[PDB]
Amino acid sequence: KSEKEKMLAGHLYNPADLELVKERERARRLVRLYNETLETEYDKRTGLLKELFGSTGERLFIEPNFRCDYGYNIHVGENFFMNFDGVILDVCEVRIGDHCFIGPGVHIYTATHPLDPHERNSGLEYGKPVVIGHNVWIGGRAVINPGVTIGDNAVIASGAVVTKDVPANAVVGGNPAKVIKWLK
Amino acid sequence: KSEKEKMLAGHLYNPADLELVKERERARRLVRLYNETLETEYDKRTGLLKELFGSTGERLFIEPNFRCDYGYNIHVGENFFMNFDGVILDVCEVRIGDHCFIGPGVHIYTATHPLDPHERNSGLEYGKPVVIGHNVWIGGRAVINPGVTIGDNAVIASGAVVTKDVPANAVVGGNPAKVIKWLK
Amino acid sequence: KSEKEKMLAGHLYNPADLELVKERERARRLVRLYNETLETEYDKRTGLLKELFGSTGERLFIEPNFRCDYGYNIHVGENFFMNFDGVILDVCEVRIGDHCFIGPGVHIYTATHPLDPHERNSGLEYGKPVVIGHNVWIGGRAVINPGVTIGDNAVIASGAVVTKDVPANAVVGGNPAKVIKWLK
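Chains as they are written, first to last, in the entry's author numbering: chain C, 2 to 185; chain A, 2 to 185; chain B, 2 to 185.
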């Protein structure tokens, strides 16, 4: 299989692969055009995001700066909002539900390395997809790690570092994040 | 009450309100002009901030990038310094005393959402002000949450997530931050 | 002893020193040029980094935006990689070995203030060097504090706030970070 096929499937892959490199340059190009848009260019922003992302709802809004790796692995639901200076390393799929509110400086990662140093120095990496449900609030400066599923109506406290699955209707905070409050 | 009056009073309000939208655009405009200034343009930087913020002392300096929501809700004391890549969501007042040193990547939030998903989905938000005393050091990458007061001479360790009031002369650290020692 | 000599030696120094302000301006100029480079301008980026940093290996790559204080205090080994939106406050030396992987939003600090409220209000600062071994993975959004040394083959979990030395072959995580796993 190609490096891109391995990447998308969650297997070890070489990022220096020519096809993957070109796709990263294309994401970076669209992100650069996005980050240069004036604060009143709403339609132009919407247009750029729908071209960047794999799929969207009717509307979405993101404050510059924004960063991502590929673009096409990000799928967001209706009425998506992400505040200033976010980063989504979408080596694998990032799938987000409807009515997501994401605060500023939020980082969502699918990209990872082997823990063993010889395995890591091979220069092979992989990814684990991230799934975020409907009606999720992600507090500012939270970090969502690869492989994490967040249930519907979950609240992520600001600054929380989420290393495991978050149950639906739960509030999590801390590092590593733990359930603090059950909503019902 | 206008939506702006409800916002400033800590009441639920609609950020889509036309007046608030214009005010947010005007703030992003000034922030855009600021973030584009050269590293040598000290006087232009000062004037931009004194127009952006509600009040200042004689001298202040902020390393780009900087981000805020309204600008006019930010009040800083003498010799204010904020290092690279700060965010202040100033839906309500953010009042900071004299001789503050704020490290890079620091986020201060006054904006918040209802916890209930349906109430949150209404689009209505609210805020709680943040008050920071004199001679405070906020270490790099700290998060200061809505409604928090930080006493005079307090130190916020780098990376601390501050969820509750910080006593004067206390050092706090962790997520959630706790008092780790006392000063002076 | 000039303010620069005291800065480098780890003593109290005044950052407003004219020589230091010039050096800080020079660094920001080079950083501004770097951050404006296109995603396809690999050779331009390499040249700029090799001009900005104190020493490098043959190959290195950093995703904009990047921030630093002086540049010349940063020394990186072979195949250095740093992802989006990193900050390195290099008031004192930051020495990093070969094959380092640094995630996005990583902050490495050498700059610090007196904790004592009287001393800090002098406005004088100091620094403590940071040393990072070979084959280290620093997870995105990690914070590395002044005077910390990280041993060879160590892994810093995403979001970890590192306040003390990390042993070779350890995985650390949390805030303050602690050893969570041993590799060797």
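Honestly, I wouldn't trust all of these hints.
One copy or two, either will do: identical chains are not told apart, so a pair holds if it fits within one copy or between any two.
[Stated by the list, open to error] Result set (BS3-like, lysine-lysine): computed pairs, CA atoms no more than 30 Å apart in a straight line: (1) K179 with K51; (2) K5 with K185; (3) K179 with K165; (4) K129 with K2; (5) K179 with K5; (6) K23 with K129; (7) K7 with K23; (8) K7 with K185; (9) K129 with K5; (10) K129 with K185; (11) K45 with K182; (12) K182 with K7; (13) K45 with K165; (14) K7 with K51; (15) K23 with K5; (16) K51 with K185; (17) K23 with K185; (18) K2 with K23.
Hints in this document: simulated from the structure, not taken from any laboratory.
Flag every earlier hint the structure violates by its number, smallest first. 1, 5, 11, 13, 16, 17
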